[PDB]
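Engineer: Position chains B and C relative to chain A; hints supplied.
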Amino acid sequence: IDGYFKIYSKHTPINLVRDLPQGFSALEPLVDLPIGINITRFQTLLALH
Amino acid sequence: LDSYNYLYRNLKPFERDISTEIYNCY
Amino acid sequence: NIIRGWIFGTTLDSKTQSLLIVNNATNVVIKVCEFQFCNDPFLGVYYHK
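Protein chains in written order, with the deposited numbering: chain A, 197 to 245; chain B, 441 to 443, 449 to 454, 460 to 473, 487 to 489; chain C, 99 to 147.
The set of hints was computed from the structure by calculation and includes no laboratory data. Treat the hints with caution; some may be incorrect.
Here are a few chain C residues that sit away from chain B, every Cβ distance over 10 Å (derived from the structure) [what the hints assert, rightly or not]:
no.: 1; residue: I100
no.: 2; residue: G103
no.: 3; residue: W104
no.: 4; residue: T114
no.: 5; residue: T124
no.: 6; residue: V126
no.: 7; residue: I128
no.: 8; residue: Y145
Label-pair ranges, simulated between beta-carbon atoms [to be verified]:
no.: 9; chain 1: B; residue 1: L461; chain 2: A; residue 2: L229; range: 15 to 23 Å
no.: 10; chain 1: B; residue 1: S469; chain 2: A; residue 2: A222; range: 24 to 32 Å
no.: 11; chain 1: C; residue 1: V126; chain 2: A; residue 2: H245; range: 36 to 44 Å
Where a beta carbon is used, it is the ideal one built from N, C-alpha and C, also for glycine.
Isolated chain A, as found in the complex:
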């Protein structure tokens, strides 16, 4: 938003094998990076065995 890149997160140990467990939690604000560019596409970096 307006050149500020906001990152939110929360970590939780879970049991469910395939999907989000029924429950609710909120993500913390962490950091709000000052990145003054436009974004419309993105990619995920992954680890490969």
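Structural biologist: Same frame as chain A, but now just chains B and C:
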């Protein structure tokens, strides 16, 4: 102190534009 | 510990400023540079006995 070396060209506020491609080339 | 990192950008090329957020081992490196990415970018972990 300042007098070629300085240049200048809608955008969202607080944005960068570091592209010099042609907007025919201009 | 597989999904490690993200890539952001409007054209995902070396003509438009791009974002790379690498959550590598022991560190996080966030860069905003004119990057020329791989057609299939990723990271690779290799075991040692």
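Engineer: Please verify that the nearest CB of chain B lies beyond 10 Å from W104 of chain C's CB.
Structural biologist: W104 of chain C is indeed farther than 10 Å from all Cβ atoms of chain B, at 20 Å.
Engineer: Regarding the assertion that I100 of chain C does not contact chain B, is the least Cβ-Cβ distance greater than 10 Å?
Structural biologist: holds, 33 Å
Engineer: Over 10 Å from every CB of chain B: does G103 of chain C meet that, or does the non-interface label fail?
Structural biologist: holds, 23 Å
Engineer: Quick check for students: does the CB of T124 of chain C sit more than 10 Å from each CB in chain B?
Structural biologist: holds, 30 Å
Engineer: When you look at the beta carbon of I128 of chain C, is every beta carbon of chain B farther off than 10 Å?
Structural biologist: holds, 16 Å
Engineer: Using Cβ atoms and 10 Å as the threshold, tell me whether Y145 of chain C really stays out of contact range of chain B.
Structural biologist: The assertion about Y145 of chain C holds, with a minimum of 41 Å to chain B.
Engineer: For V126 of chain C, is the shortest CB-to-CB distance to chain B above 10 Å, so the non-interface label stands?
Structural biologist: holds, 22 Å
Engineer: Holds or violated: the 24 to 32 Å window for the beta-carbon distance between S469 of chain B and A222 of chain A?
Structural biologist: violated, 38 Å
Engineer: Tell me if the beta carbons of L461 of chain B and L229 of chain A are separated by a distance inside 15 to 23 Å.
Structural biologist: 19 Å Cβ-Cβ, so the 15 to 23 Å window holds.
Engineer: Once the closest CB in chain B is found, is it more than 10 Å from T114 of chain C?
Structural biologist: Label violated. Min Cβ-Cβ 6 Å, cutoff 10 Å.
Engineer: Does the Cβ-Cβ separation between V126 of chain C and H245 of chain A fall within 36 to 44 Å?
Structural biologist: violated, 22 Å
Consistency note: the structure conflicts with the earlier hints numbered 4, 10, 11.
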